[PDB]
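Have a look below at one chain only, the form solved without the partner chain, in structure tokens format.
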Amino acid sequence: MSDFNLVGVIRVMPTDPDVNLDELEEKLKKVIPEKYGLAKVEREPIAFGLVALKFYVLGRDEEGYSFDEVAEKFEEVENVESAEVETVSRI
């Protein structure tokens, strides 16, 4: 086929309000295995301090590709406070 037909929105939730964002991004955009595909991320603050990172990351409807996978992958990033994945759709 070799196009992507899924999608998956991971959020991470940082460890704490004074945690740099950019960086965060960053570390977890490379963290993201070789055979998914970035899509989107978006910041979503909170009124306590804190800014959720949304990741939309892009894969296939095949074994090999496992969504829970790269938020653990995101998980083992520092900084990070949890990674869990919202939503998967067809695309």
Contents of the next structure:
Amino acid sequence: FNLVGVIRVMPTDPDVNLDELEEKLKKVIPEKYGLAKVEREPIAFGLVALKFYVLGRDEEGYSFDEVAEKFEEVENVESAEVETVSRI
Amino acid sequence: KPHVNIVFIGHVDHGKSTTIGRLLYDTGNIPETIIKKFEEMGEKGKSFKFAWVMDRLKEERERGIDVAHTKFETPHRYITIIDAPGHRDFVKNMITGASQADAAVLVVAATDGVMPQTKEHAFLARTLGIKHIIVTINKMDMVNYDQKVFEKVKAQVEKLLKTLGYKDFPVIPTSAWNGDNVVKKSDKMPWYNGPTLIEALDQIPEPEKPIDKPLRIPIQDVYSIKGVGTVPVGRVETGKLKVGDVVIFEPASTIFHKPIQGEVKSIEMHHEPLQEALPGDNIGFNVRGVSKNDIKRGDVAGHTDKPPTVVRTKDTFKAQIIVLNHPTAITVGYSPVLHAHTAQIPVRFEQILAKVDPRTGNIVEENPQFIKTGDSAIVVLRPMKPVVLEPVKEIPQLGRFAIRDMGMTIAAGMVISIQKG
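Having displayed the form solved without the partner chain, please output the structure of the form deposited with the partner chain bound.
Below, the chain from earlier opens the complete complex, with every other chain and molecule after it.
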């Protein structure tokens, strides 16, 4: 890997089980991507974002945007948006 | 004390990553655990050690042992760095994705000099609204520390940045692999008397948050929260939002032919109430009298006196683009997807007014029959669904866009002007 992309996942509701949601999101990251860590970031009125530090490669064929679409299909996800992209 | 956000740019083999590596290593900002573990190996020579240590730093990052940023303190600032992806597909993520960089470091190798890429890196720096550049002419060892090569590459790097409206910026001859002029002053280039790179970082001007500009908050998500009501979530880009302010949402209000607006009751950032929100704060806020169904992602909040500018289907806007990639050629009628702030909308290329020279900024051909990969151009676009955009000289934060099509990033652009029709 030589690229980290931070993907911000918002839950559908403040009462979403975030442990359950994290586990589900982890299973839909495609095999050629990796995962450095997941952080939780409280936003507002009880909504907590999950921030996935997705590992990838700075090449054609890799897209953190496609990882975010896999995430948007998972139950209890409102949105997934790529924040930061940066080489390591 | 002041925080500055820096983005390193340049051709991905010209040493910019190594430059960031050298900054951390020579300021002593390597984890003690790594440095102690290397000592077990005994003598390996300086070069082996720096390479091994930077490789160990990458592994710690990848294991989640700062992952996405490099951070260090200087005498007068906290510096956060981003090492920008060079592949053109990620440009949409740069334009649309997170924080304002205060400064860019463009690293250009003495050897190869300016590359076809470089004009793209420059234009991208401007498009992101980055106020200050620092230039680094790197790998000076591979050209024997020669002044007359440094000056050529400096001069031609200067034209690209000058054309974009950069000037009076540092241009520093460095070697990232050996250290010359990154943090340690060189002995190999007495002909150079400017700052070292870490000196240039320390002297980036403290950032002025755009609080003077009209309030703009692009909306990311929209919730109905039991017991509180309608809560937009977005980052304030410009201006300031205070509790009790009235805000209006566009293009919601234009689309529905009525004010989709109301009073701000509370504001939260990181689950803490705020009385006011400033540029860069990612907030949820409770707006009274607005239905959750009447606002969505891509709408933008504004004060009622200075509401967000809507470009309707009946209107068009002028833009300046760089064509990053297209498998054939762009022609009038081309209809890709425009991504700006939190909005995305189909757009129509209505005219191609000019092909521009990124070395001088001057019209090289009026009304070209098409443009293709690597052209810089002035086009006229028509949104196929309404969108909020601002002229870049008024509100740069809402004047930058990316063009997407057939899966890939086609163009990056800046909004010059808006014509009501």
